[PDB]
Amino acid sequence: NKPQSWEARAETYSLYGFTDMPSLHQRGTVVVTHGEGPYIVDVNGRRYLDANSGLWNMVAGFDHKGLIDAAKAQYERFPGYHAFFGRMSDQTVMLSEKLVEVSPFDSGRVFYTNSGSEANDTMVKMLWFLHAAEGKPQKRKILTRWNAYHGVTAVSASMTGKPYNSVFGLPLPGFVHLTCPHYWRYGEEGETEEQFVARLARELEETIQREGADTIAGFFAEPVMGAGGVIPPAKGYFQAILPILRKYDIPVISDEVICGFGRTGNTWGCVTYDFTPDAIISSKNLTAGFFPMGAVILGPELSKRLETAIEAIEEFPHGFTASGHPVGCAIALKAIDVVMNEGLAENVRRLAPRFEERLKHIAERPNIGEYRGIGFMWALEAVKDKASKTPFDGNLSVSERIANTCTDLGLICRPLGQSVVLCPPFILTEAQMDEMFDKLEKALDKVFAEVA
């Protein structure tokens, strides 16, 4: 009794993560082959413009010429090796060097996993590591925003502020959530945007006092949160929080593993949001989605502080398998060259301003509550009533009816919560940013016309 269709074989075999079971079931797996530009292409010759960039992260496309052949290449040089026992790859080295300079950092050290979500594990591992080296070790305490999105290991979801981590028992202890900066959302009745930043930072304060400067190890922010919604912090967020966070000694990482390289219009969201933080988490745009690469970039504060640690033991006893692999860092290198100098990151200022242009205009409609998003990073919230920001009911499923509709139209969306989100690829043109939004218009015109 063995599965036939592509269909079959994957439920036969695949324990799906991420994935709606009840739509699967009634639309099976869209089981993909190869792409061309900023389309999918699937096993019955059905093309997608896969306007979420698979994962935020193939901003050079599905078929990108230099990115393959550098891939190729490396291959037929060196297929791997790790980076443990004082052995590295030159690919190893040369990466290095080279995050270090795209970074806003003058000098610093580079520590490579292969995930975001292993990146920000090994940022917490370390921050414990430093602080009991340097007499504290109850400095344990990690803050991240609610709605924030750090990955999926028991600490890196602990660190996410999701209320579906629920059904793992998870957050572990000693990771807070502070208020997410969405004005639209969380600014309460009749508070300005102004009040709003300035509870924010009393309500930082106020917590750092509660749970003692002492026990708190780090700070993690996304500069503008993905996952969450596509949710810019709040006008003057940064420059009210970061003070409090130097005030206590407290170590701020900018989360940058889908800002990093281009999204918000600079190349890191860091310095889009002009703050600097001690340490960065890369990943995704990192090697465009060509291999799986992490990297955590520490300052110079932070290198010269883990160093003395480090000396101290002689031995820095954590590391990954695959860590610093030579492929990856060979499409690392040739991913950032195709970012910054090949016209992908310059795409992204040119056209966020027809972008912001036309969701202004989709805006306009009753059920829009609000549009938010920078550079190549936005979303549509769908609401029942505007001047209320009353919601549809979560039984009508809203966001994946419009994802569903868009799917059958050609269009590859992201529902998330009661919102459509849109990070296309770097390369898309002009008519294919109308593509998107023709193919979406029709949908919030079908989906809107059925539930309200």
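Residue numbers count along the first chain shown, from 1. We call the rigid core whatever largest set of C-alpha positions still superposes within 1.5 Å between the two forms. Compared with the form deposited in another entry:
Measuring CA movement between these two forms with the rigid core aligned, the set 318, 199, 185, 305 has one residue at 2 Å or more: 318.
Relative to the superposed rigid core, residue 44 undergoes a CA displacement of at least 2 Å between these two forms.
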Contents of the next structure:
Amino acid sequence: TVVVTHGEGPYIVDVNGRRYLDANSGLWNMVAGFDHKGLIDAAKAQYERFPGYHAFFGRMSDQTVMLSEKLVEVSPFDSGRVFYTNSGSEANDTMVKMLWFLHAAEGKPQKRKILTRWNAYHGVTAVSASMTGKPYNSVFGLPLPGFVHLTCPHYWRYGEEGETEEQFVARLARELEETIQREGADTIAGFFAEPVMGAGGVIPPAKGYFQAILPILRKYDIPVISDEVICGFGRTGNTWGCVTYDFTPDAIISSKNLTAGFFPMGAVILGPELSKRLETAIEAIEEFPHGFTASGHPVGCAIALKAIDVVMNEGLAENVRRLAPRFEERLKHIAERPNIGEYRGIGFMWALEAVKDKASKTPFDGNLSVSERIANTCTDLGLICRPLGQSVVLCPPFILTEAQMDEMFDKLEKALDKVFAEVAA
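Coords for the form deposited in another entry, given the form deposited in one PDB entry:
The text that comes after this line covers the one chain and nothing more.
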């Protein structure tokens, strides 16, 4: 119903000039707001320069070359190799295929299974949707065979009666051990994890989770991939979610924030060990992988170069670190409400989960659509937030000021007051 032609800073603006503070950042990607001038100028400069091309082995744009070097620099790796795609979904599919390719070239073509977690979201294509752990995919007859979903490490939801957080983490470690021993380590191509789960509802992992599961994966030679599609470039208060949870992955998947939302592109940064192994495989078999044609775009790459520079050198990632404590403190105050079951998140990605009864964690009945009601009321009050399950998510642009932060929570709290009073009746 609302006609929107553009945005201004962190606001979506309708044709009448009403401003809606956008706590979805567009599609969880507009870190620099909707009209950032340096980003817009960089997009334009590249169209005038070289508006399109495709990267091949031995032939690519100067933009591809520069962004590859910049991504290795800002990755946790001292060296590595980069390729590009059009989206996070394609980046995940291609990473999976590269592992299949690699393990097959290494004489283990049965090493195919992919481990993810329930509530993970990796994309919308057949493979990345099979990696995804959501009920809605049953309507497609997904997941495909060989996509194994581990329990989601969301302690609040999945911890058993009297189970402590430490015990929960030991149980997930046991479960991983057992899944590996049952399936057979030789048949498992890789494990992919968003450090903090995004579309699953903004779920940081229980304390110690990555510290417990990484030694296990390493023991069994199962490559570890960090999906940074949402966490990447500063949203969790370090450049990468995997830094924030101190695990060293074998490769990184990136998108969204990579271009500050101004251009659809994906990137896969391969760390030193997978790069060395791929290089040796390709050398050994004496040809380039048949059918590999993944590429981004020179305009996407130029805009990404500018996005990285803005986020890192013009104060945006720093704004997230400085405002993250005030962000959390205000959430903590909101979670005092009887109908807020918990708040969770880190950096500039958070969620609030609605409950009908706090002590027992009982949700409101599905048909009441409490999340949607909250989200609709926020829109009426000039705030946009995403309803996910029984939660509402705040993932606002990194350019958010303290005043716009207050503005966001003032509106949100007025919406919660109204919705909770109204469903109470």
